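The chain contents come next:
Number of protein chains: 4
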Amino acid sequence: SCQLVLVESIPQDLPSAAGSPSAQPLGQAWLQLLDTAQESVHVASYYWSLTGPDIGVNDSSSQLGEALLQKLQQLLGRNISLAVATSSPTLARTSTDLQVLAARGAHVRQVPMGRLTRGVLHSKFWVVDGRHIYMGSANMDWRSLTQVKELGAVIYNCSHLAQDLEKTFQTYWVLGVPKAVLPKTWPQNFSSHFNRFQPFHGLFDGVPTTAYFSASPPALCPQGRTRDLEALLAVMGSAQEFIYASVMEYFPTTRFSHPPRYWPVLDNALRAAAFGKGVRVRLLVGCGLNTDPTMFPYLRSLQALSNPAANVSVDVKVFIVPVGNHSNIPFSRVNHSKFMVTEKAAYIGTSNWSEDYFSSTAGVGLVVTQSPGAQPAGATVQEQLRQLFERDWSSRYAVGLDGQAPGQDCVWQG
Amino acid sequence: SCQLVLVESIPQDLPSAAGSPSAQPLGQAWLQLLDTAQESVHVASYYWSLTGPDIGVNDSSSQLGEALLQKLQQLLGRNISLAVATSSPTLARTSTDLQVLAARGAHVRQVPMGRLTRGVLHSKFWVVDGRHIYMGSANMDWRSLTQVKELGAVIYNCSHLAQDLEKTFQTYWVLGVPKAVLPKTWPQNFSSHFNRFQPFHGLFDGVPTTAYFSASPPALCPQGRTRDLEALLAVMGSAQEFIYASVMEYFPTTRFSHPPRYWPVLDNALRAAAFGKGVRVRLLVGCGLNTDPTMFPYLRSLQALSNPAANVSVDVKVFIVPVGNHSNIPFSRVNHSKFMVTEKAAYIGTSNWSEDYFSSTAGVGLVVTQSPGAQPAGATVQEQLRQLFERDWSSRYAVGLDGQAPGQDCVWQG
Amino acid sequence: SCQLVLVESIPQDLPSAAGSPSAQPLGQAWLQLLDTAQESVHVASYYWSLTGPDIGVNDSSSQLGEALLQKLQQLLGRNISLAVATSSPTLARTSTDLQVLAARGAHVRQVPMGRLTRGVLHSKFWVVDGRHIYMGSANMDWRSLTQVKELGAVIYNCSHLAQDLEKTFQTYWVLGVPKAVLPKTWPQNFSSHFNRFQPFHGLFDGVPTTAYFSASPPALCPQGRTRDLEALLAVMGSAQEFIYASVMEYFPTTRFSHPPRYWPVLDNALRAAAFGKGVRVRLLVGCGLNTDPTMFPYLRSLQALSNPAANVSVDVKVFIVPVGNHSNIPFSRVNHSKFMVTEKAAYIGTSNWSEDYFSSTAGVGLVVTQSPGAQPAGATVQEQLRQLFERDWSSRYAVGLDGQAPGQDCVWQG
Amino acid sequence: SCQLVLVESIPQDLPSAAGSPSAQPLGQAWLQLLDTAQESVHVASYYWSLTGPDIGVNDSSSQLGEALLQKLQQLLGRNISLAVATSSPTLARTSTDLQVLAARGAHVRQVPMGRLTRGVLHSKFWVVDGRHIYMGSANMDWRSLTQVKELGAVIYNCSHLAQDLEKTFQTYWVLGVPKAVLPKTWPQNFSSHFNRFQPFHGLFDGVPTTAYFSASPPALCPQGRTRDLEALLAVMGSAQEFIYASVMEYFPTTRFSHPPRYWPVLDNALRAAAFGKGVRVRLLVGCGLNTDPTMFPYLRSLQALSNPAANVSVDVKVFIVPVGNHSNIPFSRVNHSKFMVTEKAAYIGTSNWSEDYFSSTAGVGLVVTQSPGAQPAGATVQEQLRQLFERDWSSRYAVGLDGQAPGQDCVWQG
Ligand SMILES: *[C@@H]1O[C@H](CO)[C@@H](O[C@@H]2O[C@H](CO)[C@@H](O)[C@H](O)[C@H]2NC(C)=O)[C@H](O)[C@H]1NC(C)=O
Ligand SMILES: *[C@@H]1O[C@H](CO)[C@@H](O[C@@H]2O[C@H](CO)[C@@H](O)[C@H](O)[C@H]2NC(C)=O)[C@H](O)[C@H]1NC(C)=O
Ligand SMILES: *[C@@H]1O[C@H](CO)[C@@H](O[C@@H]2O[C@H](CO)[C@@H](O)[C@H](O)[C@H]2NC(C)=O)[C@H](O)[C@H]1NC(C)=O
Ligand SMILES: *[C@@H]1O[C@H](CO)[C@@H](O[C@@H]2O[C@H](CO)[C@@H](O)[C@H](O)[C@H]2NC(C)=O)[C@H](O)[C@H]1NC(C)=O
Ligand SMILES: *[C@@H]1O[C@H](CO)[C@@H](O[C@@H]2O[C@H](CO)[C@@H](O)[C@H](O)[C@H]2NC(C)=O)[C@H](O)[C@H]1NC(C)=O
Ligand SMILES: *[C@@H]1O[C@H](CO)[C@@H](O[C@@H]2O[C@H](CO)[C@@H](O)[C@H](O)[C@H]2NC(C)=O)[C@H](O)[C@H]1NC(C)=O
Ligand SMILES: *[C@@H]1O[C@H](CO)[C@@H](O[C@@H]2O[C@H](CO)[C@@H](O)[C@H](O)[C@H]2NC(C)=O)[C@H](O)[C@H]1NC(C)=O
Ligand SMILES: *[C@@H]1O[C@H](CO)[C@@H](O)[C@H](O)[C@H]1NC(C)=O
Ligand SMILES: *[C@@H]1O[C@H](CO)[C@@H](O)[C@H](O)[C@H]1NC(C)=O
Ligand SMILES: *[C@@H]1O[C@H](CO)[C@@H](O)[C@H](O)[C@H]1NC(C)=O
Ligand SMILES: *[C@@H]1O[C@H](CO)[C@@H](O)[C@H](O)[C@H]1NC(C)=O
Ligand SMILES: *[C@@H]1O[C@H](CO)[C@@H](O)[C@H](O)[C@H]1NC(C)=O
Ligand SMILES: *[C@@H]1O[C@H](CO)[C@@H](O)[C@H](O)[C@H]1NC(C)=O
Ligand SMILES: *[C@@H]1O[C@H](CO)[C@@H](O)[C@H](O)[C@H]1NC(C)=O
Ligand SMILES: *[C@@H]1O[C@H](CO)[C@@H](O)[C@H](O)[C@H]1NC(C)=O
Ligand SMILES: *[C@@H]1O[C@H](CO)[C@@H](O)[C@H](O)[C@H]1NC(C)=O
Ligand SMILES: *[C@@H]1O[C@H](CO)[C@@H](O)[C@H](O)[C@H]1NC(C)=O
Ligand SMILES: *[C@@H]1O[C@H](CO)[C@@H](O)[C@H](O)[C@H]1NC(C)=O
Ligand SMILES: *[C@@H]1O[C@H](CO)[C@@H](O)[C@H](O)[C@H]1NC(C)=O
Ligand SMILES: *[C@@H]1O[C@H](CO)[C@@H](O)[C@H](O)[C@H]1NC(C)=O
Ligand SMILES: *[C@@H]1O[C@H](CO)[C@@H](O)[C@H](O)[C@H]1NC(C)=O
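From first to last, the protein sequence lines are chains D, C, A and B.
Sequential numbering from 93 applies to the first sequence in PDB author numbering.
Sequential numbering from 93 applies to the second sequence in PDB author numbering.
Sequential numbering from 93 applies to the third sequence in PDB author numbering.
Sequential numbering from 93 applies to the fourth sequence in PDB author numbering.
Hints listed in this document are in silico derivations from the structure and should not be mistaken for laboratory results.
Treat the hints with caution; some may be incorrect.
The list treats identical chains as one, so a pair stands whether inside a single copy or across any two.
[Said to hold, decoys possible] BS3-like, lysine-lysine: derived pairs with alpha carbons at most 27 angstroms apart:
1. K163 with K271
2. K369 with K276
3. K409 with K369
4. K436 with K276
5. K369 with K436
6. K436 with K409
Given these sequences and hints, build the entire structure.
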């Protein structure tokens, strides 16, 4: 009886072409998920900024996030367990949401990924009632609800996947105990049940579906849990027609370490897929006022492989979100979606493509494969993701690596 | 008392800039080497086309090659042992020089390389009297003498390295026995004694020198010998100032295997050296009428990584040779040099840069490092190689990847 | 409503101890299954020797088998489809009943497992009307009905498990097509919805039950299916109290492949369960006048780990069958049972415990778990299996590895 | 110009058979090695019990050991550097040798092996002057000179191998810094030159030789350093004629961790070598008054594998050293030799065969290999090791596992 719903958030002043595909709004889905839950809610988030004053800005668009916060407090009014795991080196330092929720009675246990693996807790997911889950790239932020284009999935009335996500969250929580040390081998309970070798089978809305999860870094991977890097390489290798991807940043290197090293695993996998199998490879990387200008040379190197004569297609584009009058809001107006679409599978993750997110920084990934069902009316998850990717690609907000019109509000060359 | 000298052959009608550095001509070196022989001569060659009419053309430029054959016959007139190892799939099918030598009393032997490992005997080297060696990419052909640019190195009075090369020559010779198979483990007879970690040390002309050899494929590499790919990777990694490489063909893919695959080992090593260590990388690729156009996209990728601001500088150029009134010579007017020079070593190879060369075909490389001696003397082999590379790079015959002049000669986009 | 019952065949002239547990006779269950058929019958078998003179023997003990064939023929007299899959290198090459059934109208496909995976179709299961199901270590042979002791399980009125085994039989049937090749990936139709971590739940006669299937080799194992080896290792590892096992042949080495190699997976699992978890281990191998004596030392290698002080308890015994006057029946009077019992689960398979049965030779097995329900009168299936194993263990026909004596029927080296 | 010679220590009152092979005494070899020391001595040892009063006994057999200390003190009288690394959980808690040496001007660092990975520093070797090396199974104890049979190898005048071992000693030394932690990746300074794939190649007294070094635990192995476990696995797999192994204790299980686990890697490799290749396997374990009885059944398992008719020959014996009058000395009269000789290689180790010695406890191992060369008269190292092993095997102190004669000073069943 498992149900799967693609959810997404279009920011303000971003109209789409007529007839373009759309999914459920993020705010409505989050409100419905919070209302449905009646036993307990477990959230794994990088940071918490749900109010305008938390950042230090005052704007009407924050209202939605504020409402969500109120709903959370309303959840505390019905005596519902609420456990939060957040990275010790969190981003928003002046936020006070966690203190208010703790005062209301919500347990919050900071997990120090900075001391253990020299990274951060980038995972973002919800497990409510042990029956419904949500997983996306959306932080617990009003910007992610109203000012940042975002994507994710929500699974309803599904038990085993909820149990697996609960296992991962329990690993995070156990690590969050004060004065903790990485175990050499995780206990029996933390072992994952579904892997890429034996994915979880289900009847989603009446159609077959094989879905599984993946975790990172390798230290936080219990027995039987696929690494998110391994899942990415698997969904790349199994491709035979095309590969579409959309990430916020793409560096084939190590970002924050010393000395920096070249990390070609994803780049090599993409090139091998494009060459050996002759699959159409498309990349759509978001851009904004805060993106690192040094990413572009690697993108140009990737696109230089294009050669229709020899059956190579590695087209690459940058997604541009106009800033408009929202210049006061920091770290906003960017495309934060991270996902991959294939004719066989579909990957939704919460980590960028860099050595840190697969070596040190924690993260989770979800792989879904929906075979066509008896009723052809219901489009598969792969088809919906591909349609969304095509809508993003054909839109005027995406430009080629050569298009550098002055009115684009991006760093470009720095 | 080893004496190592760099040798090279410049095709006619290819003048260089005034004051350009130059090495000893190849014809003189080969003539002197054949003149000094008094015990035996061993040669490993891909094909034999010394006679002008062999190919099917008549020209004055082949006269030099004829002389070489005469000298070989003169050797057969002085009771000098002569052994030849030739690949079973020879290129020049219409070859009669081997028949003439065999009739005179040679010891030719066809190595069934294609039957064994689906490759060819691309190794080309000379061992004279078990004391002198010659190693380069010049197959026995007058085109390499007068119509193809070529680089190599010869060593005099260096018995240890001569025996080391005799080891792999004996490997080829044993494999050349009719109805032979690849041994599971090579006997101690063919075991080497100098490798990358314990190179042959000596005083070359009063200058400290560490030199060693390589081999390929690993199936044909006996115990104690470094694979050519391993030597190339070591030379790339150990570099800290620059890497100047020149090859006729550069392919990060399997060349003739089916199905095609992506083999990024050399590409990954080059990118990692350029980025992590911040070393200047320059590549020079030969460009002739027979060059595969599909090679150009990959090169362009390596060119796109150039980011001078972020301490990542990679440059790629194509070296073309004007043809003019030299159209009747086939498979000529190409830059056949295959070598690499860093600030700490110098590698001279006889094989191109592709997966098949380092995994299926027979290839051999030589690595030489010359420390600055106490006496001023002249310049190290590294300095001479760097000077030759700079002269070629600054020449009018080397153009950028985007500099496709209409009056040029190479294939370019095909 | 699913009714799962165990069945076993007691060989003629093989009395048991007074007041010993038993189960439903195999012949009666097979007759009931053939009588209740109304739509179709699908059979997967290794060979067919229903008739007595099929193997060239004139004995009354074959009469029962003859009757079965008669019933089968009567089935084809009621316009009921009959699908049969047999191994191409089948034993008893003088088989004639298969030709008779094919002439009467039964579709027969000979799976070429010999040329496909270098194995044989050792799997023997049975599907009736897509609703009833049988599986045991009993070939369609008269001597397997009255001269040889085996054990199997038959489930009545269970649709989902019947359809899963129908999917496996459809895999075999598709492979039986002339000029067929191994599919690298399997269509969605050949996909099991019940695996080890997601078994089929049911209320068999009230008591809850979790049952799932396993198939081998992995080449013939479709997506979502559990490999036999995986199921065996899972049941061995899950056990915390005791492990009982009965297999005709036990070899930790490859049997028919070249060159012979060690395959210690099952040995290692048994030893680890015995030592690390302190699990009592009892093993019962079979004996026959045609048995490989080289199996015996390995069993002794298992027997030596019998230190009661260190909480390591491993016992191994052999089961002899008195030949009596039945010396004229080839390949008979052998313990054919292949099953395994723990305190929590029960595995019933159609494969021996060598390497080839899990890499090349096809086989099928079932893992069933029954927990006590509201009514404790009905003993769990694991308890019945343990009772049968204890009856066999205490039988006079079972002797330890030291109980060699005159008059035994084992090969006993030689 | 490297020289290799085996050196063994024969206990007091242990007369071997007349005309038996033998090598240099341990005490004289150590004294000569210390005399030849001129620059620095680096010693890695488990503990120090040089003097008799260290334990608290009064025996004349300690004389030699005390003299050794005197020699060491005389070394410190010549202003010679002396660095010693010992395990933090050392055995002899009363010894004052380290304190006396530190008073005289030594350099002692207590490596916190117990806290880093829950193990001990079982490695024992000497690096003298950076040119000579020694390594065996001898601790810095007088009990190791006149009361415990031991074996090791000493090498003179070999700079490369000495530097290779000095790299491991430097790893231990830097781990001995207070409050130090295990680095994620060891720097290039600790990278090993020679490993399994490219062993050091040299000429020992005119005999060609290949030799390398192996270290454990996996965590303390830098880049390019082969691990002891994989070294043993490869040496045993490459065997084709026989494998003669001698050790103190043989546990295919975890030794002192919790919970206990089965560790069959060495047992599986032994059985695979015995069966697949049909090699002759001989195992000789040393039993003393402190031997754990639980080892005996496991060995019996291997002895139960014997089957001459099937080309599977395995034999196991035990070595009993009579106590005689030497009953007051604790942990004495035990065969401490740990080595293994095959027809192609000879391995001399430091750690026993158990899980902890290859996962947590740190040890070092050497794999030498000599082939006939310019001095065929001189017996190779493997020949000498085989001769010593056969001398021990044929000695009256070697008793089969079935041998349970009274009066033997071995625990037996306990
Ligand atoms: C998840 O399960 C719940 C409980 O079965 C579903 O809630 C029911 O939905 C049906 C159809 O809309 C209603 O007629 C019932 O009244 C609902 N019951 C309750 C108690 O709310 C729900 O529809 C399922 N799917 C989701 C939540 O997406
Ligand atoms: C590039 O892809 C095209 C197909 O888009 C290939 O064209 C082939 O044409 C032959 C002619 O009969 C047919 O086998 C198919 O139409 C095509 N084959 C495949 C495998 O698609 C073309 O050969 C490809 N070029 C390459 C791989 O270099
Ligand atoms: C070495 O060279 C000499 C000089 O030519 C050879 O001598 C003559 O060689 C011819 C042809 O082989 C023979 O017919 C004569 O009989 C030889 N004369 C004498 C007196 O030797 C000699 O044969 C050569 N030896 C070889 C073949 O190595
Ligand atoms: C290699 O060694 C040979 C001798 O085996 C050298 O030849 C001699 O060189 C000296 C010095 O130039 C001359 O005086 C002798 O007349 C030479 N003798 C012969 C027989 O040639 C040679 O110079 C050395 N170096 C090389 C060949 O480069
Ligand atoms: C590129 O490399 C150069 C030298 O390798 C870097 O120059 C160093 O810059 C740092 C800080 O900017 C100084 O502390 C050093 O003294 C400089 N060293 C030298 C030799 O100039 C330069 O910073 C690098 N550029 C980047 C962007 O990393
Ligand atoms: C290691 O090398 C040294 C120096 O080559 C050897 O020392 C010499 O040994 C010879 C042989 O007895 C003596 O005649 C010399 O007087 C020694 N010279 C010095 C300076 O000591 C040393 O013997 C070699 N090692 C071994 C074990 O022989
Ligand atoms: C055990 O091995 C030996 C030798 O490995 C076998 O003896 C013969 O060895 C030769 C050597 O090439 C073979 O050609 C023969 O086929 C082997 N057998 C015979 C009967 O001569 C010996 O047979 C092996 N034992 C078994 C039981 O196979
Ligand atoms: C600025 O913030 C204040 C609260 O401090 C709020 O009352 C006011 O409306 C805000 N101004 C805006 C949103 O323009
Ligand atoms: C929540 O718990 C408090 C505890 O005192 C109780 O007073 C209140 O009624 C509870 N609210 C519920 C169950 O909705
Ligand atoms: C795992 O779960 C908890 C601890 O997280 C506890 O019951 C025990 O350690 C394990 N047991 C189970 C349920 O597997
Ligand atoms: C090639 O040389 C000249 C070309 O000028 C020509 O006259 C001659 O006949 C040719 N040689 C042969 C063998 O045909
Ligand atoms: C092998 O070595 C021996 C010993 O030196 C030698 O006599 C023989 O010629 C060698 N054979 C080959 C083919 O190298
Ligand atoms: C080609 O032309 C140049 C000058 O135009 C001349 O020097 C050269 O000799 C010609 N080549 C031949 C083979 O005649
Ligand atoms: C089988 O044996 C019975 C008993 O003697 C005999 O009557 C019958 O003819 C025999 N049949 C055959 C086919 O031998
Ligand atoms: C059953 O099969 C018989 C034999 O061919 C045939 O005559 C009869 O019509 C069939 N009945 C049905 C209902 O198909
Ligand atoms: C799979 O089943 C569907 C539904 O019955 C059917 O349409 C299709 O033909 C089947 N395909 C194969 C390969 O059996
Ligand atoms: C045949 O079997 C019966 C029953 O076991 C036995 O009484 C009789 O003596 C046997 N006869 C032979 C031929 O052994
Ligand atoms: C050791 O024993 C000897 C001989 O009995 C005795 O002279 C000496 O004093 C003893 N030493 C100690 C420390 O007991
Ligand atoms: C050691 O050094 C000290 C002072 O540095 C000096 O007094 C002594 O003589 C030296 N000993 C030797 C043996 O050189
Ligand atoms: C590595 O070794 C070099 C020279 O041997 C030395 O200068 C450097 O300090 C060393 N670094 C480390 C980290 O040991
Ligand atoms: C051991 O004691 C016996 C009996 O006193 C004696 O004969 C023998 O020599 C002693 N052995 C020694 C002291 O090594």
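Here is what the structure says about each hint:
no.: 1; hint: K163 with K271; in the structure: neither (33 angstroms within a copy, 49 angstroms between copies)
no.: 2; hint: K369 with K276; in the structure: between (39 angstroms within a copy, 16 angstroms between copies)
no.: 3; hint: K409 with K369; in the structure: within (22 angstroms within a copy, 29 angstroms between copies)
no.: 4; hint: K436 with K276; in the structure: between (36 angstroms within a copy, 15 angstroms between copies)
no.: 5; hint: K369 with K436; in the structure: within (14 angstroms within a copy, 40 angstroms between copies)
no.: 6; hint: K436 with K409; in the structure: within (23 angstroms within a copy, 41 angstroms between copies)
In this structure, only the earlier hint numbered 1 is contradicted, and the remaining ones agree with it.
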